[PDB]
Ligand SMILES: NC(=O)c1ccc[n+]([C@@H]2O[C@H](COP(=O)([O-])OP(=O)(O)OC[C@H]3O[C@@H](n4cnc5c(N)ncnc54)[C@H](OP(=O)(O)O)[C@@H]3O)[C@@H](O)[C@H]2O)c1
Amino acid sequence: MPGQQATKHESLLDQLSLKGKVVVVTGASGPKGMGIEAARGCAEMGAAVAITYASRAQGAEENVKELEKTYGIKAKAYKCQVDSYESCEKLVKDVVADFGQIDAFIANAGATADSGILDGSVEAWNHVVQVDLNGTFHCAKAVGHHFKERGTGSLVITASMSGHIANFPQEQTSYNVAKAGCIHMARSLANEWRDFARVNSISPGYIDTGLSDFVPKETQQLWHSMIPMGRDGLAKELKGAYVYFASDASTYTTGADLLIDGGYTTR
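Chain-only structure, as in the form solved without the named molecule:
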């Protein structure tokens, strides 16, 4: 296929449609999160979804049942540990052999950091870099070969506003550094796969996935004052961007980054 061409559909609803297409999402281990929302969004567009999980399948199992019943499409859960290449490589092979192909890939690897560079050990640093950065690298290289053989494809990497600025007052340089590298990874791969696939990243700000309770009320109040919209976001506010990049509504966008932080980076 001589390079990537523009959508054949003049209709937005046909550009966004994922019918006849296969999309795979990483996290989606719980009925509440960025990965499950991306899964629901793509599914709503008639997409056959393939969500993965790290340790326990319970969460994925149900997400699939909920995905097939409410959207009436085909779905399946797979075990995948991004920190391991062979794991990712296995994911692709198994998803391709099951669904027959992979059209879009949503990668959301986000292991947090609990300290600064000095207070933290080396192990602490490597954990974040190995999962957040290298983990993204693993998924990309896994689907990359499949995209090259089909001459089509869309890789959406989930980065973070932490890849733009440094969070305060919590210190998490390792996370920021990993996420920043993730953003540029999108740019560089877009240029590398310029002949067959599109690559773009989403940089979420403070999105409440359901764990706010494990955070000091004062800390949250301190964050909201820094967020011009003065509130946390909800994962369902990302599905749009997720579907946008995965579908044919962005056949000319590649190497881009979309900020969704309620205007945080703006200040």
Second form
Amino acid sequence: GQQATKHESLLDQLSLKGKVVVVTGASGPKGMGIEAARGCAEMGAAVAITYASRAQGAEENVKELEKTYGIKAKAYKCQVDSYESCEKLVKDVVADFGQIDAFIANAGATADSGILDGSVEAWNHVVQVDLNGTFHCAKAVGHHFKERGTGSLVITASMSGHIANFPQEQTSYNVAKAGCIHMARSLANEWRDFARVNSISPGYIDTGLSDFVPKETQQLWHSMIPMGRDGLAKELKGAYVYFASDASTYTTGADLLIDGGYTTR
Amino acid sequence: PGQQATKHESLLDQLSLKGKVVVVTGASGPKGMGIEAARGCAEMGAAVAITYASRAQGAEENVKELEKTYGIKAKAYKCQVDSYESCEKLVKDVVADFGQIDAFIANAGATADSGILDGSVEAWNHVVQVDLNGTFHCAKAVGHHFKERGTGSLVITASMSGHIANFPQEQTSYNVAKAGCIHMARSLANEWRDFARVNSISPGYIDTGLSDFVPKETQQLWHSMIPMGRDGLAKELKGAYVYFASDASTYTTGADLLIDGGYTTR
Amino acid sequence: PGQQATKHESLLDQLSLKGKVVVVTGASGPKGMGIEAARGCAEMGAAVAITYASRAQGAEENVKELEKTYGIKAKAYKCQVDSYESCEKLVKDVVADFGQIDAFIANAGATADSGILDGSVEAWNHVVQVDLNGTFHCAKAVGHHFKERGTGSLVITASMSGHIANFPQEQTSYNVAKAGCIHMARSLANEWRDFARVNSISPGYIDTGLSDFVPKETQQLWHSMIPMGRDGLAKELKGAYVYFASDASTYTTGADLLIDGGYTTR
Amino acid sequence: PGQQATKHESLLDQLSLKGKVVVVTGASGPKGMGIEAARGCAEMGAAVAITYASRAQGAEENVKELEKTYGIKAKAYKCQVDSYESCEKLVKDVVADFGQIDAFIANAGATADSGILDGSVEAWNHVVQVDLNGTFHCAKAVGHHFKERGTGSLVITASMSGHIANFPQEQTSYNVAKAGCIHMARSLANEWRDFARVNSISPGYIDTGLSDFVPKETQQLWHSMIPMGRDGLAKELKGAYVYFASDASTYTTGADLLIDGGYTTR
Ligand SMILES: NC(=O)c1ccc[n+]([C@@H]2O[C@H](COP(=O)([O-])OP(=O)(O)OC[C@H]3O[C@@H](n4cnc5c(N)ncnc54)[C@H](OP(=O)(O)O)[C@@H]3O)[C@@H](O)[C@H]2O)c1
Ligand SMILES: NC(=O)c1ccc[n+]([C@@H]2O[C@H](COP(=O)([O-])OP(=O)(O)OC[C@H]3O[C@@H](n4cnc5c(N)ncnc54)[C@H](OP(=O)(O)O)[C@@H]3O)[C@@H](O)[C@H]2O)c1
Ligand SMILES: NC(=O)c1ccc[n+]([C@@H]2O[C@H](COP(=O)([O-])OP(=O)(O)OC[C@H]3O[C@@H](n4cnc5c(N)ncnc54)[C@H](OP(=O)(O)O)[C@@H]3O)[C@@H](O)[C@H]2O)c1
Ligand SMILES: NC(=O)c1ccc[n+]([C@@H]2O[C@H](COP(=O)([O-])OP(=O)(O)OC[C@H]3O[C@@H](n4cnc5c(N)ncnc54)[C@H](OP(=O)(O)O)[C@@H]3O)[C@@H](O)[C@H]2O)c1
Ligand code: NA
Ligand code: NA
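Same protein, different form: I have the form solved without the named molecule, so give me the form deposited with the named molecule bound.
The next block holds the full complex; its first chain is the one shown before.
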């Protein structure tokens, strides 16, 4: 198995000084990814972020992390739907930064229909990115964690992995996120001698990812969220740092719902 | 909008499948979940279509046993659930041969034999393609038929591996795929809320032959973890399949039923 | 040491309750889960004991319908599940009158009508005492009998309120009690692993008369939240009670079955 | 009308409890969840009220340590959570002494030592009274205060016993009580949606001294069932208490966090 933190103080437990964190899908301006990276940078991590289509957005984010926190930071192209791209990512980050201590598997894409209206290829694309893309990052980084004897993998899942969203149909997305949640549990057991694995399941977060949804659908959502509002990505940074850091050295195979209370109903 | 309650008051009338057609994928083995679901449905009066992949002879013998024992019409079809074209063809053939499909039991599946670090990417892909995308292919192929008819019941064989992580054998690709299958039933129950019910059954360790690739000493460790202290038998699951497939469950949709001898209570 | 699989192969033999005795608490109303469970079990050939608290007459009417319709031995007993002495007396009287108890359906229950801040401490205690401790009283009372006989099946009526928080009415005491009932079934399934099975059924909104104190605008809002779009009917639940009480489920223990028209899928 | 997101952008500012007051029940022991939660909150700048039942001297030493180590105001109170009057008096006294309560950590609890057949009804009532109703008593007492102020965070120490049945020791009363606490957090998260967050933490086996009565050879069977292969330490949980108590979790409500070395993954 794995050992308890040697730190007594919580600020020592939360510190990421001397550690390297990778955040996939942190190229946008206010997503879960850039906020997780900001939290880790604030705790002193060196941070590697990835992009797929938004190179300029990721380069801007890296310059912001450098300006605000003075950390070692860098952006990488990664298509998580390709295992070869995830393998190269881990190879390049280990080369450039020396090691990877925590890996935040955060990249994902949305669905826009149920299974009968959607084509088989539309199902394949969402499963390839959201489910197999997360498996590709886990396998690629897990080989590194096994050689080092330590590591933390944090998977961004979704409350859609627990419930079926309404009124928009998106079963392919719901199913892939469900697989991600159980992947965290199953890898926590597989990797029990060398690494922790946990998942965070956000509710409706105002990141821009849902901008393709009509306005009037989004006001229905609000009546279903007990808190009555969308979340903000900066309300999730504490959870990412919690799982990536030594504040959670007995936490493995857990899922943390962050959803304004949506799943309580 | 929505679905209606059974008209039947008697439970025996509710459970009857006389006049109805049931498809069971992966029912070619002699003592698997598939043939026992098919037996239970045929006993209630269903016409039954079963599928095989590699066990063509076992499927023909099962069909003959179903017909002679229960007096029903049955037929076996070759189907590779990992191919949508094969699943679409199955639904078309059964609807042509039998006239309709009232219940579909998505039961075909294959096992994993390693965790993700020891396994290749292709070994992962194979298990997900069969167990997760194969269930999706069958769900989509038959759901177009259910939507046209305005009724239907889809029953998915998941696994307790979709809830917990097996020990000591590593099989994460199988665990993840089955977990996807469980939530697929919940999400499709909501998607199809106007015309069909969808539910899953999550068996524990069932003595079907599927686990024969695992040493017997590892199977002795499983028994100490099962509160009932034994493997199940496929004949102990037939009532759940018939429950979901019939009118005994017209308000049950999006449910999962663990049949694991208590394994998940610890 | 653990429990054994059913001897029967055919589903109708597994489902039969000929020669067995079923107790259903709280089956005094004309269309509740309780009387429909008793009808399902009686249809399968069981002798049936039902209980009442305030509705002695309705329980008597039900015994007479059960006997006329199904030709079985039936009898009504007064029982206050909130009193352990009364549950102990129930099991003692039924065993004296019927010879034994094979299946026990712990179904009696009462609602709450506020959250914890608007409610008094007495209001909390009353709901917990009836719904949680009353289920415990029956389980303990009959469990001593199951342990002596080496066999048995306990079926607990929980609620989807044990999984989610109902909206817009506040009823946290009832939610909490029902969540305890659900986990009581998992925990007793493990505790009683050598001699009896325990499972729960979690109904959604069922048109039994129990929510007749709820206004109409509120009930129409519920329907928009139910994917099936309608209240359930108690006759749609009899199949689940019989499944768990009979030998159709000899590998099923520690399971919960949501019967909620899809409500908890969202 | 709902609750709002933190105004802070920096995580350190979000975690800060400067100017806030935290109550931690049952923090009188030397290495329990309570004193580590209290140390975590003191480290972030909170004023801290801790309670004791039997260990008055242990609580006073803890208060002297908190004030010496962290330079904060701290105070010990006697509280019997099984008595509503005591919990109501606790909130009144802390509000009078400190001015307000911003976060309340409902952590006091007691263990069970048998299953329901070996245990008496008294033994069941005692555990439920302390572990379920004691938590309700604190929730009700502080929630009246949270409602008045329009802000607050309630953190409930539940247990993985609220999710699974421990083996080999039988403790169904405790398991059931902890399952009530877990759902109580979800249900109050919704009831209190306009003014306060409610969340639970479910520890696995933590080396606090609470399990010192368990035979040592039973404890090493536990370790074989924990993927991490060891007991936890209370200092590994202080991060989670501070997370829920502070502004680092202003969109997190109705959540449960398992901290169990992976025990429930199997
Ligand atoms: N927003 C919500 O309400 C919500 C709720 C629950 C869960 N989530 C999940 O949170 C995670 C982050 O999403 P977000 O809301 O923060 O919006 P976002 O800022 O747009 O993040 C999406 C990230 O995923 C990357 N991405 C998409 N496809 C990729 C692929 N094939 N390969 C590699 N990277 C890919 C994107 O990169 P590029 O932009 O460079 O192409 C982008 O950086 C996702 O997994 C999402 O499913 C979001
Ligand atoms: N046995 C257990 O302990 C257990 C526990 C939990 C869940 N399950 C699941 O229960 C279901 C039935 O398995 P079983 O235990 O009853 O053993 P089984 O008799 O061998 O059934 C598996 C069926 O799946 C078919 N199959 C495999 N791959 C297929 C593919 N690509 N396309 C179409 N069909 C394919 C097989 O057909 P052919 O033989 O003709 O090739 C076979 O009939 C499976 O989904 C399994 O994951 C089993
Ligand atoms: N209807 C729903 O929507 C719904 C949903 C989920 C769960 N449930 C649960 O289903 C179960 C049956 O309720 P129902 O809907 O079928 O309505 P019901 O017909 O009124 O059944 C309630 C039964 O419980 C008995 N009862 C109440 N308090 C009792 C006590 N202290 N001791 C002994 N018996 C007591 C009642 O006896 P008397 O009438 O003779 O006094 C009555 O027969 C209950 O546990 C309920 O919580 C109902
Ligand atoms: N240790 C574990 O493995 C574990 C696992 C899961 C959950 N938990 C839960 O964690 C919480 C704290 O326990 P712990 O492990 O940290 O051991 P602990 O140090 O002995 O804490 C138990 C605390 O609860 C107080 N207490 C007991 N009965 C009380 C009552 N009727 N009223 C008020 N206070 C009462 C005790 O006060 P006095 O000592 O002053 O009498 C004590 O301070 C408990 O709820 C426990 O159920 C523990
Ligand atoms: Na829900
Ligand atoms: Na478990």
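Shifts are known only where both forms have a C-alpha. Residue numbers count along the first chain shown, from 1. Think of the rigid core as the biggest set of C-alphas that the two forms share within 1.5 Å after superposition.
- Only 212, out of 212, 225, 58, 70, shows a C-alpha shift of 2 Å or more between the two forms on alignment of the rigid core.
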